[PDB]
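Single chain ahead, written as structure tokens, the form solved without this ligand.
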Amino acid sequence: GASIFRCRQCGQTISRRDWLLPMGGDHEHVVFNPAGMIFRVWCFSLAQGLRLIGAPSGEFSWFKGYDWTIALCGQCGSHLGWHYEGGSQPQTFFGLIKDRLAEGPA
């Protein structure tokens, strides 16, 4: 009933509840960017159906040791979160914005 996450804007398949990743002890992290926008980020070890934009950047990174790339919905272009890489245990993961996903049956 609530096992997969889809893009809220279009329905694209994005991730699964089974793939939630407790980073630093919680899968949920609330953060702001330099423009003051607050994001409720859920960390996932894996995601699909995204389009990762550009090359990674360490600037303003919310997770120590990781560089990020913007992750858009590959279907509709909605900003769904970020892909993190260049770090350690794990090397990579996804930080997705909770309220931009819809949860539902597989």
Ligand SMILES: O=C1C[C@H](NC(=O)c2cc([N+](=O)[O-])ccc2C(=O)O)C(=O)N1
Given for the second form:
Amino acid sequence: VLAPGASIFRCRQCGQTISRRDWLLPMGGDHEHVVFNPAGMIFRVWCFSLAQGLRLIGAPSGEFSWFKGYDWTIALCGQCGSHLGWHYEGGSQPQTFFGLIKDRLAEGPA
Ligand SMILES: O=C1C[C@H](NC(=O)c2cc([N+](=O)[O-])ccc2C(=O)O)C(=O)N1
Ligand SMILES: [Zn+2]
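Output block for the form solved in complex with this ligand, input the form solved without this ligand:
Everything in the complex follows now, all chains and molecules, and the chain you saw is the first one.
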């Protein structure tokens, strides 16, 4: 389609380019996963094969992982430090991917 308006995801706080609709990844059959952390925070997580503009913090941990076989690291916006989701590694098919918090991204035109 000409002039699409739902093609790129940016950080909601600062506008840093983060990912693309084209890179949505249907993990376990769905790109959306509704999950909670040990602090009880509920997230609507969209899985992406690739992302950019993030900064991954700390060492990978398997503890409390929402995706079996994957270890996670916190993914912050590399520009503003907003916590945008997690990077997953150490699994299979794919080895790595990103789980990003949908409401912390803004979707818009390329
Ligand atoms: O796959 C995953 C990722 C997620 N991780 C977290 O939410 C998390 C866990 C801890 N911690 O001390 O273990 C501290 C901070 C956070 C945070 O990201 O705020 C989770 O629980 N399962
Ligand atoms: Zn940001």
